[PDB]
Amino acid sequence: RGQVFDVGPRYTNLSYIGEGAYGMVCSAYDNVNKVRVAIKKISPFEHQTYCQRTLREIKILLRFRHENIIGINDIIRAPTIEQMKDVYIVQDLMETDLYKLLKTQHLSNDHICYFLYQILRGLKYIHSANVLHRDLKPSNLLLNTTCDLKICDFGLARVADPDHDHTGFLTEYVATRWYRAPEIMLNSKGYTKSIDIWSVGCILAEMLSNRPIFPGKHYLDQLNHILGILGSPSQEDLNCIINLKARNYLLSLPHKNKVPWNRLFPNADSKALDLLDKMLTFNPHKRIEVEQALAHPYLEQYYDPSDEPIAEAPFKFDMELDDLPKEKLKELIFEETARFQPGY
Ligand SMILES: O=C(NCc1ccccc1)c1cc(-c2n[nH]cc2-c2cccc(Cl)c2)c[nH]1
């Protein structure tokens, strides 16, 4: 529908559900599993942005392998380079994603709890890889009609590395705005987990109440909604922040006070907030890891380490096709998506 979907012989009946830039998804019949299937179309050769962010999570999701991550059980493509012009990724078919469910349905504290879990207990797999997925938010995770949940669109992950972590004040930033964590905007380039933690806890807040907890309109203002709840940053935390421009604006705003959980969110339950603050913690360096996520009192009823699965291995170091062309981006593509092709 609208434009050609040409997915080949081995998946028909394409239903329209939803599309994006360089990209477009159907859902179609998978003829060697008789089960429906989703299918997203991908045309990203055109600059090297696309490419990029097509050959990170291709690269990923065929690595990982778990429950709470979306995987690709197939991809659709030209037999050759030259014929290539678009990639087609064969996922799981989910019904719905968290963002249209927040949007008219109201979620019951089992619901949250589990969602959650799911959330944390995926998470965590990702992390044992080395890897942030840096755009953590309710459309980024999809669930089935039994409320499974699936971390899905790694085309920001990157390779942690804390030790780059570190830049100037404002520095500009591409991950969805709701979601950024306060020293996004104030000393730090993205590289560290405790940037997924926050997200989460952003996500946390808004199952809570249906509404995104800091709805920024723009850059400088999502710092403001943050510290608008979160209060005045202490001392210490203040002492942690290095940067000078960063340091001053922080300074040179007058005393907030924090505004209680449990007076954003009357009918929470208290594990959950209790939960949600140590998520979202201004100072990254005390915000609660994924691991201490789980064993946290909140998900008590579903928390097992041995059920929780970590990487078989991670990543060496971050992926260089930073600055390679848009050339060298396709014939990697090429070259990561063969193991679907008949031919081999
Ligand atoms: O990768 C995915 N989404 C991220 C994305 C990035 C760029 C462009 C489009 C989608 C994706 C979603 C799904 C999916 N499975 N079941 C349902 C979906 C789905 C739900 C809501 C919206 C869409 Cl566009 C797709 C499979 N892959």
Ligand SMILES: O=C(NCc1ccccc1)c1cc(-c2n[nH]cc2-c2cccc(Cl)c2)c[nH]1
The other form holds:
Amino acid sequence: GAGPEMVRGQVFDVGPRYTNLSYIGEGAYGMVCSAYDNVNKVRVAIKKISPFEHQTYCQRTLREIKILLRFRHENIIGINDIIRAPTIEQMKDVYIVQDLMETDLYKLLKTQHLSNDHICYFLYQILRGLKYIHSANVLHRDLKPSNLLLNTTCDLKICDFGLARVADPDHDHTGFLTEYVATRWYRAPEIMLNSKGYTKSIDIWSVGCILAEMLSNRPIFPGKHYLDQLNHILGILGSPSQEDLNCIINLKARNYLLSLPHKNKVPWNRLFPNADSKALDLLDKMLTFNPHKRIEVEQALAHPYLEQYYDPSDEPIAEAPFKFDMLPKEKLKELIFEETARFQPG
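Okay, that's the form solved in complex with the named molecule, but what's the structure of the form solved without the named molecule?
Left out here are the partners and the other molecules; the chain alone remains.
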């Protein structure tokens, strides 16, 4: 037998392939449950998305689905299945089925001490995933511990491409105090000053923040708002050099930085006295104020800290990069319909 499976007085219509549900959380803009995949005979995660009333959530839903169905990588979360109605008129929701991952690095960090071996392995897998992402001309733009999933053997997978964009360094520049929606604590300094976050260097900064967080179990730059985020960064990195200021042409941004009291660099080894010296060398090169001087993903992978794992032939790049920048919600619904048709019985 079957019906329209309910969860918490809530339509969670995923059968017949997915049975014995269990409510988890309120996700991003939908309920998330776990369920037993009767084909693969293992439990899975299913997210309910209801985006069709809003052009905005249509675009984010289509982009995420496009990106995750295009990408195929061990260190990036895959879409196993997409459940929706057989007709556009009847499609009100979409269910995205993914591997059930047992935890994530945010949860892990608040509960568990990480060994240096764990920090190394996690960092390796983050950058391995990121190399692929970046090779597809895509920026994640929201890397943080909660977007790094882990299973019980510490396999790590990057998730949540909600804010992801095709790279666009020619259109990165903007004015001072430009609004930006990614999570504060992992935003690069240039986002507050002169950058829309359209270059690969914004993701490396986030990885740097994540590394620091793995070393101490707490966020390195927990800014309480826009400019406090920046005062946090400069209290550790120290005031930017004249050279670095000269790369900021925008006068509001440059004059802001010049108005601040001088701050001296805090040595990494004093912030993290138990950390591996090679980890601190690599941390230093990712958390560089100047985005142009910031280490690249490939260089990070080649750094001595990761030498036990480094294997470029086993660090794949994307077959089919997103060549270009990727419209009413009615069109986006049809686009979502078309993009998800491959999962329909047939």
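Residue numbers count along the first chain shown, from 1. The term rigid core refers to the maximal set of C-alpha atoms that superpose within 1.5 Å between the two forms.
The two forms, fitted on the rigid core, differ between the two forms by less than 2 Å at the CA of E336.
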